[PDB]
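A.B. asks: Put chains O and T on the given structure of chain U with help from the hints.
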Amino acid sequence: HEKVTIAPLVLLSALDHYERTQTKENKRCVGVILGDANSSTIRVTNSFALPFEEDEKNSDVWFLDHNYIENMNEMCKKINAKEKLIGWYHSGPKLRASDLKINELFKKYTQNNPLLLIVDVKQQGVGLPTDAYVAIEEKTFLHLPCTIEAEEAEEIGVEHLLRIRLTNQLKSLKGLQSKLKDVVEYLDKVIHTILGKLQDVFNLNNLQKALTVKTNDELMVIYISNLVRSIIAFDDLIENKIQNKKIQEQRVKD
Amino acid sequence: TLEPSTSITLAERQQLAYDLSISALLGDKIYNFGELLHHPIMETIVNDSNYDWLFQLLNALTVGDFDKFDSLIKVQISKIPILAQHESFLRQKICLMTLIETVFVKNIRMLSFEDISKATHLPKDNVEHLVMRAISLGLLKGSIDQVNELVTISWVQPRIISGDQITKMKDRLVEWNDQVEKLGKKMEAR
Amino acid sequence: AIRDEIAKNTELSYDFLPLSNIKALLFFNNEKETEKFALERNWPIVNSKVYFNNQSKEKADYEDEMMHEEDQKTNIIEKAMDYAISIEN
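Protein chains in written order, with PDB author numbering: chain U, 5 to 141, 151 to 176, 188 to 215, 223 to 235, 259 to 308; chain O, 198 to 387; chain T, 184 to 272.
Chain U extracted, bound-state conformation:
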């Protein structure tokens, strides 16, 4: 569907919000997110703290004002027209039924169904400390995957930060970790049919056929250059370097 761009600026700021707000896990610092949502890839330009109150002692009890967004967008629009409201964020890390109320408030203010944003203010788990949800509805809400863009100007300052293969595997466990547990969770949580829906694609393995072995067929030619890869290495430098040395070492006139 509309799965979205992610703005580090947002992400950072939202955490400084979290920081600034002195928010603890008792709370989730919330606020507007900005972008333009029309495309099958929504973009997140920006995002804004909505000064807020959250109480899960009584869930539906919590406080927020729109008049921010009122005053906000005006300036924001005046700042940039592309800022048009795409949705909103919060801290998280995880959902609370208070959300849905919060959710639909923005539906007043959004073109499409507005966007939740989970953050992990502790940035703990994985790729993203983040989720973004959109109500669907029997309610639905849903996370489409998202990611960062360039934002190179960001990436440039980002370049001032940091400083091939393996990781690709490294999630090998993750879902599989919780997964069977997740079963045994629900298994011994209730001790749904979706799970059985998950099931049949398990057989989708031990599948391997001679069809497999055709791999090496391919893998054969794959290796042809392995010499040639280094054959030119196998050729040039120290030939010439010796020459160059023979030049240089014989240079040595006076």
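By construction, these hints were calculated from the structure, which means they are not laboratory data. A portion of the hints provided could be inaccurate.
In silico contact screen, one side only, chain T against chain U (beta carbon under 10 Å); selected entries [claimed, not checked]:
no., residue
1, 254
2, 262
3, 265
4, 267
5, 268
6, 270
Quick reminder that beta carbons are idealized off the backbone N, C-alpha and C, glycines included.
C.D. replies: This is chains O and T only, laid out in the frame that chain U set:
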């Protein structure tokens, strides 16, 4: 849709759910097999009268014996006799689904054909139709080896149950996983 | 000592061999002489003929975990090659 709301009456409740349970029959279907019978249409529907049938039909939705029911048949059900085809449609599919769901587990497909198809205890020359028909059953995939008398099959079979492959699941999938880490040691790291 | 090899050679050359021939091979007078060996060899046998259903030991525990060393070794090879690419630094 009514599921959340709308208090009703039983004569509204069952009789609809009857007609529903009936329209299961005048469905019949892409089977189905199992259904909303789980949901509180049951006791509620069955009980008795044609619900007995409607329940016994759920039995035939499993048992699939004609004369456990073609016994039972009065007008209303014989009113559409095509269930006599549908129960064959059942029996096959009913046999099939578990024959499909389990019997091969070991990357299930073959089931091919005849004795396996007569293992539906519906005979071989009807197999030459019923088993022969696939999405001419509305459903089955795969194909026929006439000579070797082999069904080629593919999916278009959904299914259920629990407890079993549950453990198996993570095992292999943590198996490579763990073992990978051996290879998965230094590569892009180093 | 001879015949045990022939036994395998037979076992290699043959699945199902008449008990006469194998005795003829084993140079025995009694075939039950052989029949021991065959059964001592643990050879599948019906009347009058020594059978080899499995001429060999296939599977049987060790010689495992190495070749199939399909990618793992090649992955390490890759890894190595990639270190031959990396440690090339």
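A.B. asks: Each hint should be assessed against the structure and marked as holding or not.
C.D. replies: Right, here's what the structure says about each hint:
no.: 1; hint: 254; verdict: 9 Å, holds
no.: 2; hint: 262; verdict: 9 Å, holds
no.: 3; hint: 265; verdict: 7 Å, holds
no.: 4; hint: 267; verdict: 8 Å, holds
no.: 5; hint: 268; verdict: 9 Å, holds
no.: 6; hint: 270; verdict: 13 Å, violated
Violated hint for the displayed structure: number 6, the only one.
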